[PDB]
Amino acid sequence: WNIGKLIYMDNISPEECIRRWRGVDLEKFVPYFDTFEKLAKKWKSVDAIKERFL
Amino acid sequence: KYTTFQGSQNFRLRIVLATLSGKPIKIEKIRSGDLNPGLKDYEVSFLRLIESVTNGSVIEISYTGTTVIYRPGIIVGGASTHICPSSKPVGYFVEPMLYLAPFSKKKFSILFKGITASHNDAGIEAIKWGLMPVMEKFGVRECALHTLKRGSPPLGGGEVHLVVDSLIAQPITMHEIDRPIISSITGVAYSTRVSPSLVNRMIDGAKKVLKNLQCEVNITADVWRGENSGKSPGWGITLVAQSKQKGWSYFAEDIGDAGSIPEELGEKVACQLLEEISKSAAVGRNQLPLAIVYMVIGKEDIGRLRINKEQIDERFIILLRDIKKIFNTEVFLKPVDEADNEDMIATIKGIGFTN
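Here the protein sequences come in this chain order: B and A. According to the authors' numbering, the first sequence holds residues 24 to 46, 83 to 113 in order. Quick note: the second sequence uses the authors' numbering, first residue 7, plus one each step.
In case anyone wonders, no lab produced these hints; they're calculated from the structure. Positions of the beta carbon are idealized from the N, C-alpha and C atoms, including for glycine. Any given hint could turn out to be false.
As the list claims (entries may be wrong) - With a Cα cut of at most 16 Å, we get these calculated EDC-like pairs of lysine to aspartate or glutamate:
#1 A:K315 <-> A:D349
#2 B:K87 <-> A:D260
#3 B:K109 <-> A:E222
#4 B:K87 <-> A:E320
#5 B:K28 <-> A:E222
#6 B:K97 <-> A:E282
#7 A:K315 <-> B:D33
#8 A:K331 <-> B:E38
Claimed, not checked - Using C-beta positions, here's what the derived DEER-type ranges look like:
#9 B:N25 <-> A:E316: 10 to 20 Å
#10 B:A107 <-> A:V82: 15 to 25 Å
#11 B:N25 <-> A:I267: 20 to 30 Å
#12 A:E306 <-> B:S104: 27 to 37 Å
Pulled out of the complex, with its shape left as it was, chain B reads as follows:
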């Protein structure tokens, strides 16, 4: 269950590495985001990131 090792084990798929560790193309520059609905609800409060600010 060591992520650094799991990454370099070609017999295991990338999605399986993440599952074993805890719990898909660079041709698309923009990273994945959850739906606006889910994000708007989660981000009504900015407390979870207050430490990242001065």
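Since the structure of chain B is already known, use the hints to place chain A on it.
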């Protein structure tokens, strides 16, 4: 011809890594089962762009476009114009040039023509405020993307000038083991062929989500009209969390479609920026592949980069597997000594002169 890859996945990265390493590669089974097999017009256009900036490369594409053999030439650069097909905006073509330009014999001075924005690719602001500050941290002192004309989809008519005056031996060795503190939020809300009210409405939406934060929020209103605004109505917004101390940045971007609400776009991108910050450490997910490659190609020394657990996704995994196939370099990950977060340190021995 012998280091072999499968599918269209990471096409630009694989060609970029082959170019930087000087190692020949083969990309096979590109969209093999599809009705329309092989390379898309934008991938062929990207290969023509690679040929224009290098000298002595051999590019062989199979009849149906399902196989590409790439024997890289030396990075030469120079002044050229690249016509981007409608299928991809200018950013799709500018982005891989960022990985090559500082390592060229001559300066890259490339005029890119076509659509300037999409929902999936790096926009003008993403390059200028997201990627370029990362390359500056790596020693690319002078890099610029000049916006001559904007070109919203579907008709485009945009024009950007990429100029990388800084030619360096290799990126400097990366040492960022802290979580940079965000000092302010900036951004650019732009529009083409429309009333100035649309930009003001996006800024209203973004401000509604960001007003709860303890920092300054200053979003630039960038209204484009007339000839230099391109051929189609359009609008978009890029929001950038700035860290003044060292010059790090976090960003989110998107464009609006016809009939969409500008306030909603502003809100969404602001929500996406906060989400990107929550998932970040030294850099955001959209700057991480560039930062990773720049450390792989540094001098023979250990570079350190703080990464968030949320950044170790399937995209990060495939990136690392592609790097190892080309350079044989492994990224080592060690947890931080802190209990406040679950971040880790990515340690990378730069390639230097190693073969």
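Legend entry - Satisfaction of hint between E320 of chain A and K87 of chain B, Cα-Cα up to 16 Å: Between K87 of chain B and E320 of chain A the Cα gap is close to 13 Å, so the pair holds against 16 Å.
Legend entry - 16 Å Cα cutoff - pair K315 of chain A, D33 of chain B: Since the Cα atoms of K315 of chain A and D33 of chain B sit roughly 21 Å apart, the hinted pair is violated (cutoff 16 Å).
Legend entry - Cβ separation of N25 of chain B and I267 of chain A, checked against the hinted range 20 to 30 Å: Violated: the Cβ-Cβ distance is about 46 Å, outside 20 to 30 Å.
Inset, instruction - Indicate whether the distance between the beta carbons of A107 of chain B and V82 of chain A respects the range 15 to 25 Å. - result: violated, 48 Å
Inset, instruction - Given the hint of 10 to 20 Å, check if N25 of chain B and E316 of chain A actually sit that far apart at their C-beta atoms. - result: holds, 18 Å
Legend entry - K331 of chain A paired with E38 of chain B [C-alpha distance capped at 16 Å]: Not OK: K331 of chain A and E38 of chain B at ~19 Å, beyond 16 Å, violated.
Inset, instruction - Please test the hint of 27 to 37 Å on the beta carbon pair from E306 of chain A and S104 of chain B. - result: At roughly 47 Å between Cβ atoms, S104 of chain B and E306 of chain A fall outside 27 to 37 Å, so the hint is violated.
Legend entry - Pair hint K109 of chain B and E222 of chain A, alpha-carbon separation not exceeding 16 Å: This hinted pair holds, its Cα atoms lying about 14 Å apart.
Legend entry - Satisfaction of hint between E282 of chain A and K97 of chain B, Cα-Cα up to 16 Å: holds, 14 Å
Legend entry - Proposed proximity, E222 of chain A with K28 of chain B (alpha carbon, max 16 Å): Judged against 16 Å, a Cα distance of about 42 Å means the pair is violated.
Legend entry - Hinted pair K87 of chain B and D260 of chain A, Cα distance within 16 Å: holds, 13 Å
Inset, instruction - Verify the proposed pairing of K315 of chain A with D349 of chain A, using a straight-line Cα cut of 16 Å. - result: holds, 6 Å
Checked against the numbered hints above, the structure breaks hints 5, 7, 8, 10, 11, 12 and satisfies the rest.
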